[PDB]
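> The chain contents come next:
Number of protein chains: 2
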Amino acid sequence: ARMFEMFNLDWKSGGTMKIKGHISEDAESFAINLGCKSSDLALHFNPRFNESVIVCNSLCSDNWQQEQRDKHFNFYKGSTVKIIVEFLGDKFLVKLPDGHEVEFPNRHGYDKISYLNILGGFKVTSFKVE
Amino acid sequence: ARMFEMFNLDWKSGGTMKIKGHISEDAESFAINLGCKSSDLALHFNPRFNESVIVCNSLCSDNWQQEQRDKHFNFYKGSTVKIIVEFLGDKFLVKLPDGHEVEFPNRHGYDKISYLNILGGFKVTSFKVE
Ligand SMILES: OC[C@H]1O[C@@H](O[C@H]2[C@H](O)[C@@H](O)[C@H](O)O[C@@H]2CO)[C@H](O)[C@@H](O)[C@H]1O
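Chains as they are written, first to last, in PDB author numbering: chain A, 2 to 131; chain B, 2 to 131.
Hints are computed from structural coordinates only; laboratory data are not their basis.
Don't take each hint at face value.
What the hints assert, rightly or not - EDC-like, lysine to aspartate or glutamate: derived pairs with alpha carbons at most 20 Å apart:
no., chain 1, residue 1, chain 2, residue 2
1, A, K129, A, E6
2, A, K72, A, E52
3, B, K96, B, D71
4, B, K21, A, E6
5, A, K113, A, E87
6, A, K129, A, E102
7, B, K124, A, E102
8, A, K13, B, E26
9, A, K38, B, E6
10, B, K113, B, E6
11, B, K19, A, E131
12, B, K19, A, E102
13, B, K124, A, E131
14, B, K124, A, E104
15, B, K92, B, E68
16, A, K92, A, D41
17, B, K124, B, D63
18, B, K78, A, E131
19, B, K21, A, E131
20, A, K13, A, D112
21, A, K21, B, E6
22, A, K129, B, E6
23, B, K13, B, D99
24, A, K124, B, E6
25, B, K124, A, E52
26, B, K21, A, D11
27, B, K19, B, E68
28, B, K38, A, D41
29, A, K19, B, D112
30, A, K78, B, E6
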């Protein structure tokens with residue numbers, strides 16, 4: 002379910018967002034979604050424990066686009082983790098705890114991200130945006 | 002007017018929450034609301050620029066209880082402000098940047114808070130809950 006939702010971010014290129022939180026002992030997945038509203042997302046970052054893969058995708062009027070899969074998966078159920086997202090113009094970059102970077106294109110050319118939600122087995126304990 | 006909403010907080014007595022953010026240049030008020038759901042609030046903390054007062058209250062099934070008004074008002078439109086809230090057994094203590102504390106009684110004897118929202122002219126930039 003919906004853990005966290007924020008509206009009216011005014012997050013722009015050069016922006017950095019730091020999300021720390023607890024992954025449920027029973028999690029099968031969680032997602033950090035960034036866009037302009039629930040049905041329009043620049044970045045859906047979704048670690049999936051069953052397939053041991055991080056899937057990224059974008060959502061356009063509630064239509065999912067073509068996903069990207071990263072098999073560098075060092076997430077653990079029951080743990081507290083820090084995820085850093087950077088809004089880098091033509092792409093998003095997600096830095097993981099092990100220092101791996103997941104890169105995802107800013108396909109639809111957002112210049113501002115106003116909406117965030119976090120769903121699934123992830124309880125936010127710290128959030129910072131600049 | 003809804004800016005930030007979290008569910009499943011699992012925040013318990015002895016916990017501390019830090020909410021720092023930017024008060025809109027054109028803000029008239031903002032509110033930090035903590036409780037069990039949007040209709041049952043242990044704490045509604047509402048600084049109002051049109052009255053220069055902080056109104057506090059609790060909400061019991063969409064009924065407001067007795068207001069507590071704090072005339073100590075050192076808030077400024079357009080500024081960034083850090084607010085700390087401590088969940089104690091008898092009360093919520095809200096620590097303000099200038100050292101003033103607002104003590105609001107824990108009228109409904111909550112020992113767990115699962116719901117937070119922030120409304121109005123306040124953009125969170127740093128949130129932490131423990
Ligand atoms: O008590 C919190 C509650 O206040 C409402 O506004 C009040 C106002 O504080 C009071 O002085 C006047 O007599 O009645 C108003 C309406 O009941 C707000 O509507 C609500 O948002 C809360 O902030």
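> Does each hint hold? Answer for all of them.
So, going through the hints one by one against the coordinates:
no., hint, in the structure
1, A:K129 with A:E6, "holds (14 Å)"
2, A:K72 with A:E52, "holds (9 Å)"
3, B:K96 with B:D71, "holds (13 Å)"
4, B:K21 with A:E6, "holds (17 Å)"
5, A:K113 with A:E87, "holds (12 Å)"
6, A:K129 with A:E102, "holds (19 Å)"
7, B:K124 with A:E102, "violated (28 Å)"
8, A:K13 with B:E26, "holds (19 Å)"
9, A:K38 with B:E6, "holds (14 Å)"
10, B:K113 with B:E6, "holds (17 Å)"
11, B:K19 with A:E131, "holds (16 Å)"
12, B:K19 with A:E102, "violated (29 Å)"
13, B:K124 with A:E131, "holds (11 Å)"
14, B:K124 with A:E104, "violated (27 Å)"
15, B:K92 with B:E68, "holds (15 Å)"
16, A:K92 with A:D41, "holds (16 Å)"
17, B:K124 with B:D63, "violated (25 Å)"
18, B:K78 with A:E131, "holds (19 Å)"
19, B:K21 with A:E131, "holds (12 Å)"
20, A:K13 with A:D112, "holds (6 Å)"
21, A:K21 with B:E6, "holds (17 Å)"
22, A:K129 with B:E6, "holds (15 Å)"
23, B:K13 with B:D99, "violated (26 Å)"
24, A:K124 with B:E6, "holds (13 Å)"
25, B:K124 with A:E52, "violated (37 Å)"
26, B:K21 with A:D11, "holds (16 Å)"
27, B:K19 with B:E68, "violated (23 Å)"
28, B:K38 with A:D41, "violated (27 Å)"
29, A:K19 with B:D112, "violated (29 Å)"
30, A:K78 with B:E6, "violated (25 Å)"
The structure shown violates the earlier hints numbered 7, 12, 14, 17, 23, 25, 27, 28, 29 and 30.
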